[PDB]
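Next come the chains, spelled out residue by residue.
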Amino acid sequence: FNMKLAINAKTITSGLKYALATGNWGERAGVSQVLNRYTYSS
Amino acid sequence: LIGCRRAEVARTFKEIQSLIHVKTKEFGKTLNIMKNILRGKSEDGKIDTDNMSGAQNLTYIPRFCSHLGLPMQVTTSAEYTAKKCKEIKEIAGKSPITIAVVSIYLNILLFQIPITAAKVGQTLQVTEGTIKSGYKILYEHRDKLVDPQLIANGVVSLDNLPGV
Amino acid sequence: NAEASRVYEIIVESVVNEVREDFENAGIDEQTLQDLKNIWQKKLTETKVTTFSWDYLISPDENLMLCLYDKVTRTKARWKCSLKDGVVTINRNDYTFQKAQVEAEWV
Amino acid sequence: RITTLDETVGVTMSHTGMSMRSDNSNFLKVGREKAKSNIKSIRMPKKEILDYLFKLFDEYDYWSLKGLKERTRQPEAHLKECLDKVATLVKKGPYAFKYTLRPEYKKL
Amino acid sequence: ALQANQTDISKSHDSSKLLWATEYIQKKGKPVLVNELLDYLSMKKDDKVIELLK
Amino acid sequence: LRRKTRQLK
Amino acid sequence: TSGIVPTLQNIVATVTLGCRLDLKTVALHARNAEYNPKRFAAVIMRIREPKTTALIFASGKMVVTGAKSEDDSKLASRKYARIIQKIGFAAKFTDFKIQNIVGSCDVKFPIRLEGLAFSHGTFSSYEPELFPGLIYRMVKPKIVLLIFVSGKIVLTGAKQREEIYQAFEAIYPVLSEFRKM
Amino acid sequence: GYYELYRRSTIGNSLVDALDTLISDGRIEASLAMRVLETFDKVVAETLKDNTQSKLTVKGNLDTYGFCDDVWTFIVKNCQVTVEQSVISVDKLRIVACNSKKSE
Amino acid sequence: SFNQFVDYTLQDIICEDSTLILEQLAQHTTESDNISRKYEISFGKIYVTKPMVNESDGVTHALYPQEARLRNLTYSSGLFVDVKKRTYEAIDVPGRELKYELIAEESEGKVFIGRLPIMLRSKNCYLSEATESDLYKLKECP
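Protein chains in written order, with my numbering: chain A, 1 to 42; chain B, 1 to 164; chain C, 1 to 107; chain D, 1 to 108; chain E, 1 to 54; chain F, 1 to 9; chain G, 1 to 181; chain H, 1 to 104; chain I, 1 to 142.
Hints were generated in silico from the structure; no laboratory data involved.
Don't take every hint at face value.
Claimed, not checked - Ranges of calculated distance between the beta carbons of each label pair, as one might list FRET restraints: (1) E36(E) / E33(D): 45 to 51 Å; (2) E36(E) / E62(C): 36 to 42 Å; (3) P103(D) / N34(I): 34 to 40 Å; (4) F123(G) / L8(F): 45 to 51 Å; (5) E36(E) / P103(D): 24 to 30 Å.
For each residue, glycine too, the CB sits at the ideal point set by N, CA and C.
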């Protein structure tokens with residue numbers, strides 16, 4: 001038993017990154033968008 | 001191991017053995033075979049540079065210092081000490097891991113960071129006796145193992161290194 | 001050696017006490033135990049070993065050690081034996097040891 | 001609330017991934033438990049083992065392979081020769097994969 | 001050592017004696033009289049194994 | 001014979 | 001050119017007798033015999049005058065080792081066969097072939113191992129966190145050299161005394177080219 | 001099972017002489033004598049394993065070694081033997097040692 | 001919402017299916033093998049670090065938002081959990097319920113379980129404790 005292999009930290013890291021990089025809330029769309037920085041009010 | 005070495009981020013045998021459960025003998029024989037195969041297909045079918053050589057100790061120091069949480073200034077001093085440590089024949093034959101660890105330990109006590117050898121060897125999985133044994137050899141040549149600029153400025157003095 | 005005598009008394013006491021059941025199985029009388037005990041003791045004191053209460057091939061008076069070995073190893077000429085729970089006879093003198101170390105150099 | 005680690009980030013990550021430290025845990029080291037035990041045995045004379053199998057077969061009329069090798073404690077290679085010479089295995093019957101003494105000597 | 005290596009034919013079970021007798025019989029080019037068998041195993045009198053062979 | 005490995009909840 | 005001749009340290013010679021032995025008999029009637037069939041399938045025996053060890057197998061094959069000379073191995077093997085003869089077994093001295101010769105020497109100056117490992121990459125393997133010595137696999141004669149920082153060379157693999165000398169005479173130049181300081 | 005090596009020691013030899021002398025007298029059965037020896041191995045093994053604490057060491061030169069059937073055999077010549085105090089000079093000490101792990 | 005999630009929800013999620021039990025039953029083949037084992041992995045408290053980044057060579061250092069934007073890095077922190085590894089064993093007498101007993105092996109360390117992206121100007125971000133001058137030093141807009 002190697003605890004370093006039993007728990008794959010990549011699972012949490014990728015799932016949160018992929019869901020936040022795209023809007024695809026899974027593994028709903030458009031949940032994450034590139035923040036507007038055209039002007040402060042935007 | 002080959003992949004890490006080709007990327008200039010090479011690891012050590014122990015570090016890879018922490019994940020893949022293979023004892024040393026099979027690891028070494030397989031590595032020698034694969035290197036021959038890659039060389040064979042490099043000629044008939046590049047592969048290696050100065051990096052492919054086993055020692056390449058300077059690459060280990062930044063990560064080993066990070067595990068101990070030292071500031072970047074100490075890491076650069078450790079790299080200089082390890083780089084110049086190959087001129088001494090009494091230490092040059094030692095394993096690159098010990099060469100890097102003892103150089104790191106020498107600088108740890110040079111800048112007076114409160115980290116004892118009991119934890120330096122416990123963190124980098126190196127016998128404490130080996131660390132202190134090697135430190136004695138890296139004490140007769142201290143003037144050649146410390147960066148001239150650091151001593152010139154006044155950041156470090158050689159009297160802060162205990163002498164046996 | 002007092003320890004050697006003490007153990008020897010223990011051994012003979014255990015033998016005579018333990019063998020009684022089998023003797024009754026064979027239907028031999030009680031007095032035979034006393035005769036067996038007596039003759040055995042007289043033999044021990046007759047040996048006068050210790051004080052008592054009473055070529056390339058293989059071919060009392062000989063010094064002999066009978067024991068058990070825990071582990072024996074060698075290094076290129078040098079043999080190291082870790083023995084335990086043995087009895088030795090040297091120059092008509094007997095000793096008993098819980099552990100023993102043999103360090104001999106194979107010339 | 002959750003507890004935030006105030007240590008240097010590099011120090012906290014020294015246990016993670018390809019680390020110079022080796023695990024000292026004895027948990028679920030199943031491979032270590034049975035791999036440690038190992039011993040070889042030399043083939044004993046046929047004249048003795050052959051007799052041993054007959055007393056064994058007199059004890060029980062059906063012997064499994066694993067049980068037979070355990071009781072004899074001999075290599076399966078040599079053991080197979082004598083077992084086939086004395087007994088036969090019924091594979092398609094209800095007592096499948098079990099050797100039994102041949103009828104020639106059993107019927108006595 | 002070989003003389004002591006030889007094992008007394010008084011085996012644990014009568015079946016083993018028959019097994020060796022059958023093996024010895026098959027390795028003969030021609031039929032062997034009872035005399036040859038009696039020479040093989042130290043059983044001159046009428047033994048049960050001899051009957052079991054028949 | 002069982003699966004020699006099962007999970008209890 | 002070098003002026004230094006490597007010295008032989010071990011010779012592994014194999015001999016056959018053409019007869020089947022009873023290892024237990026040899027172990028019990030030989031002076032210094034160690035027969036443990038659980039670990040190995042031979043009786044290990046040693047003699048003192050040439051100081052050699054012999055692995056005598058149940059098939060009549062013998063593996064003599066430890067002799068410092070080609071002829072000394074012959075004397076050791078002959079004596080081992082004679083000891084087997086005096087036991088009573090049918091043992092005759094027969095084909096004697098030296099299967100390996102090990103020699104050692106020192107060039108008397110430090111050698112930069114990182115250099116041979118780089119310049120000669122098709123022969124040399126340098127992995128210094130496993131073994132502190134560089135491994136040079138010469139192609140002609142086919143011999144393996146262990147090169148160390150202290151300037152000590154170990155030659156192994158030669159089947160005659162000529163190849164071990166030939167290998168060293170062919171390795172001295174490349175070793176001198178990489179002298180530290 | 002227990003080893004029979006102790007019969008070669010002083011106590012074992014004396015017991016054999018006693019039992020055989022009685023056998024010659026006809027007052028003891030031969031098989032009964034064997035029963036005595038089998039139990040003799042048990043008691044000697046138990047008492048030696050439990051009722052001793054002395055430690056002695058011998059240093060010398062091996063003149064002959066040997067191993068077979070889990071029984072080592074050393075012959076140490078020109079050896080010094082110390083018990084627990086006083087050294088003993090021995091010209092030839094023969095050692096017979098069986099396996100510590102009793103063979104079932 | 002992010003502060004609530006990091007502070008309270010993360011601990012709650014891990015305290016729902018924290019226990020994983022693997023039971024190795026008797027496997028009656030011989031009476032020398034009649035013990036039944038039970039291995040348990042349990043999750044304890046969860047810890048979160050400050051934002052950090054690990055380079056290719058394996059060196060980890062604190063990451064600030066300005067560097068993350070320029071270097072195409074993800075602004076995230078690490079998550080650690082205390083793991084307890086217990087093993088019980090019991091004698092499986094035929095036809096009886098077992099009495100599992102702790103067999104003197106209870107290992108009890110922090111285990112990395114991934115990286116959590118950090119919302120800026122949150123409790124776990126470096127800019128929550130920064131003054132106006134500090135933001136200017138860090139090349140952040142007040």
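Now for the hints, and whether the structure bears them out:
For the hinted restraint 45 to 51 Å between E36(E) and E33(D), the CB-CB distance of approximately 57 Å leaves it violated. One distance hint, 36 to 42 Å for the beta-carbon pair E36(E) and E62(C), is violated here, with the actual separation near 51 Å. Remark: the range hint 34 to 40 Å for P103(D) to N34(I) is upheld by a beta-carbon distance near 36 Å. The beta-carbon spacing between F123(G) and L8(F), approximately 59 Å, falls outside the hinted interval of 45 to 51 Å.
A hinted range of 24 to 30 Å holds for the C-beta pair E36(E) and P103(D), which are about 28 Å apart.
Violated hints, in rising order: 1, 2, 4; the structure is consistent with all others.
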